[PDB]
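Shown here: the complex without one of its protein chains, the others still in place.
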Amino acid sequence: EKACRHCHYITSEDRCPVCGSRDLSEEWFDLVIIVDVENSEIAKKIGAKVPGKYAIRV
Amino acid sequence: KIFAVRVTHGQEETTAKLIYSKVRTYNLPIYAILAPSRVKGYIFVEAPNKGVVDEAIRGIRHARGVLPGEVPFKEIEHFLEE
Partner (left out) sequence: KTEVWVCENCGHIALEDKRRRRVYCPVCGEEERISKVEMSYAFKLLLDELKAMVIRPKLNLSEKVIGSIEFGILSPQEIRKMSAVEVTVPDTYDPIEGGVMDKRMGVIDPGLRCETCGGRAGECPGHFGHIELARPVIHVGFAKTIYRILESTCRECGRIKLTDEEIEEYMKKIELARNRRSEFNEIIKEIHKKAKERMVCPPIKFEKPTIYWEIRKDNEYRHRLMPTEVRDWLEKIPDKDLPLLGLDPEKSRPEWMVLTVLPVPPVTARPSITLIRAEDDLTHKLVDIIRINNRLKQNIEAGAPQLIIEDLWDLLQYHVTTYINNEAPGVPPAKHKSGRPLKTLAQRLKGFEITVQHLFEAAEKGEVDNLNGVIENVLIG
(Lines give C-alpha, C1' and ligand atoms only; values in the text may rest on other atoms or scores of the structure.)
Protein backbone atom coordinates (compact mmCIF):
# COMPACT_ATOMS: atom_id res chain seq x y z
CA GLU A 1 0.00 0.00 0.00
CA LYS A 2 1.43 3.34 -1.19
CA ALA A 3 -0.15 6.78 -0.50
CA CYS A 4 0.13 9.76 -3.00
CA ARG A 5 2.21 12.88 -2.02
CA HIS A 6 -0.42 15.50 -3.13
CA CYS A 7 -4.08 14.31 -2.81
CA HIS A 8 -3.12 11.54 -0.22
CA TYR A 9 -5.06 8.67 -2.03
CA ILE A 10 -3.65 5.22 -0.93
CA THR A 11 -3.42 2.91 -3.97
CA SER A 12 -1.88 -0.46 -5.02
CA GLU A 13 -1.22 0.76 -8.63
CA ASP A 14 1.91 2.49 -10.10
CA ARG A 15 -0.17 5.75 -10.21
CA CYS A 16 -2.89 7.39 -8.02
CA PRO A 17 -6.13 6.91 -10.13
CA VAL A 18 -8.01 10.03 -8.80
CA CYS A 19 -5.34 12.53 -10.10
CA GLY A 20 -2.68 10.35 -11.79
CA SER A 21 0.56 11.18 -9.91
CA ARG A 22 3.53 8.70 -10.04
CA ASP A 23 4.76 9.96 -6.57
CA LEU A 24 3.69 7.15 -4.18
CA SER A 25 5.14 6.87 -0.62
CA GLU A 26 5.34 3.68 1.52
CA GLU A 27 5.72 5.25 5.05
CA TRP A 28 2.13 6.63 5.41
CA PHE A 29 -0.19 6.93 8.52
CA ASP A 30 -3.82 7.43 9.82
CA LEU A 31 -6.32 5.71 7.46
CA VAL A 32 -9.54 7.53 6.47
CA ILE A 33 -12.32 5.68 4.64
CA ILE A 34 -15.01 7.55 2.63
CA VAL A 35 -18.37 6.12 1.46
CA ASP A 36 -20.34 9.36 0.86
CA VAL A 37 -18.78 12.83 0.21
CA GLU A 38 -21.94 15.05 0.36
CA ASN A 39 -23.23 13.67 3.73
CA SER A 40 -19.97 12.74 5.58
CA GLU A 41 -18.53 15.35 7.92
CA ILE A 42 -15.05 13.70 7.64
CA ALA A 43 -14.62 14.57 3.90
CA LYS A 44 -15.44 18.28 4.58
CA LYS A 45 -12.68 18.86 7.22
CA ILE A 46 -10.00 17.25 4.97
CA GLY A 47 -11.21 18.38 1.54
CA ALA A 48 -11.70 15.09 -0.40
CA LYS A 49 -14.31 14.97 -3.22
CA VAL A 50 -13.89 11.29 -4.34
CA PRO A 51 -15.02 8.28 -2.16
CA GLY A 52 -12.32 5.78 -1.12
CA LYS A 53 -8.92 5.31 0.63
CA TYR A 54 -7.32 8.64 1.76
CA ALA A 55 -4.33 9.29 4.17
CA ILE A 56 -3.11 11.86 6.77
CA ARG A 57 0.65 11.62 7.62
CA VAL A 58 2.72 10.59 4.49
CA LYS B 1 -22.76 11.20 14.13
CA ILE B 2 -19.42 9.50 14.98
CA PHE B 3 -19.72 6.11 16.65
CA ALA B 4 -16.70 4.55 18.31
CA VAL B 5 -16.38 0.86 17.42
CA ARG B 6 -14.22 -1.68 19.27
CA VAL B 7 -11.65 -3.71 17.21
CA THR B 8 -8.98 -6.41 18.05
CA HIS B 9 -5.16 -5.69 18.22
CA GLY B 10 -3.64 -4.48 14.90
CA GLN B 11 -6.95 -5.33 13.16
CA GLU B 12 -7.78 -1.54 12.94
CA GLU B 13 -7.07 -0.90 9.18
CA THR B 14 -8.36 -4.41 8.16
CA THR B 15 -11.77 -4.24 9.97
CA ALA B 16 -12.04 -0.58 8.84
CA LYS B 17 -11.78 -1.85 5.18
CA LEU B 18 -14.02 -4.90 6.01
CA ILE B 19 -16.82 -2.74 7.46
CA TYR B 20 -16.80 -0.76 4.12
CA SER B 21 -17.76 -4.09 2.36
CA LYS B 22 -21.20 -4.46 4.05
CA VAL B 23 -22.03 -0.68 3.52
CA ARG B 24 -23.46 0.13 -0.04
CA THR B 25 -23.05 -3.54 -1.11
CA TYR B 26 -25.74 -4.51 1.49
CA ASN B 27 -27.68 -1.13 1.70
CA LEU B 28 -26.34 0.36 5.00
CA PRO B 29 -26.10 4.23 5.32
CA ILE B 30 -22.51 4.64 6.76
CA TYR B 31 -21.13 8.05 5.69
CA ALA B 32 -17.40 7.51 6.60
CA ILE B 33 -14.87 5.62 8.86
CA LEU B 34 -11.67 6.71 10.74
CA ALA B 35 -8.70 4.34 11.39
CA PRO B 36 -5.89 6.48 12.95
CA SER B 37 -2.47 4.82 13.56
CA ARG B 38 -2.03 6.53 17.00
CA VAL B 39 -5.41 4.99 18.12
CA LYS B 40 -5.14 1.52 19.63
CA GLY B 41 -7.97 -1.03 19.05
CA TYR B 42 -10.80 1.42 18.10
CA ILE B 43 -12.54 2.64 14.90
CA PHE B 44 -14.74 5.67 14.24
CA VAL B 45 -17.78 5.28 12.05
CA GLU B 46 -19.70 8.25 10.65
CA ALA B 47 -23.37 7.13 10.58
CA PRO B 48 -26.78 8.85 11.14
CA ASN B 49 -28.70 6.21 13.20
CA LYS B 50 -27.38 3.80 15.88
CA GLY B 51 -28.98 0.90 13.92
CA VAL B 52 -26.65 1.70 10.94
CA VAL B 53 -23.50 0.97 13.05
CA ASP B 54 -24.95 -2.10 14.83
CA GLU B 55 -25.98 -3.50 11.40
CA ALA B 56 -22.53 -2.87 9.79
CA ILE B 57 -20.20 -4.45 12.49
CA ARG B 58 -22.62 -7.43 13.00
CA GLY B 59 -21.00 -10.54 11.52
CA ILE B 60 -17.60 -8.79 11.17
CA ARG B 61 -14.58 -10.80 12.38
CA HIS B 62 -12.10 -9.17 14.76
CA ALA B 63 -14.49 -6.13 15.33
CA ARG B 64 -15.42 -6.85 19.05
CA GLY B 65 -17.96 -4.13 19.97
CA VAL B 66 -19.54 -0.65 19.59
CA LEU B 67 -19.21 2.06 22.26
CA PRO B 68 -22.12 3.26 24.45
CA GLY B 69 -22.49 6.89 23.34
CA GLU B 70 -21.42 9.07 20.40
CA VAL B 71 -18.09 10.91 19.77
CA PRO B 72 -18.43 14.69 19.15
CA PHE B 73 -16.87 15.85 15.83
CA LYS B 74 -14.51 18.36 17.68
CA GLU B 75 -12.81 15.48 19.55
CA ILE B 76 -12.15 13.80 16.17
CA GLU B 77 -10.63 16.67 14.06
CA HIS B 78 -7.19 16.21 15.81
CA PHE B 79 -6.23 12.90 14.02
CA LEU B 80 -7.74 14.04 10.69
CA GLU B 81 -5.67 17.32 10.90
CA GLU B 82 -1.95 16.20 11.13
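Here the chain labels run A and B in written order, and each chain numbers its own residues starting at 1.
As a convention for this text, a residue touches a chain if its C-beta (ideal position, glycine included) is under 8 Å from a C-beta of that chain, and two chains touch if they have at least 3 such contacts.
Asks: Give the labels of the shown chains that the missing chain contacts, considering the complete complex.
Replies: So, spelled out: the chain left out of view touches B.
Asks: Who touches the missing chain here, B:24, B:38 or B:62?
Replies: Within the whole complex, the residue contacting the unshown chain is B:38.
Asks: Looking at the full complex, which residue from B:18, B:60 or B:67 touches the chain that isn't shown here?
Replies: The missing chain is touched by B:67.
Asks: Touching the absent chain: which residues on chain B qualify?
Replies: Answer for chain B: residues 4, 6, 36, 38-42, 44, 67, 69-71, 75-76, 78-79 touch the chain left out.
The criterion applied here is as follows: only the chains that are shown with their structure count from here on.
Asks: What does chain A use to touch chain B in their complex?
Replies: Touching chain B: residues 29-36, 39-43, 45-46, 56-57 of chain A.
Asks: Quick check: in the complex, which residue numbers of chain B touch chain A?
Replies: My answer: residues 2, 12-13, 16-17, 19-20, 23-24, 30-38, 46, 73, 77, 79-82.
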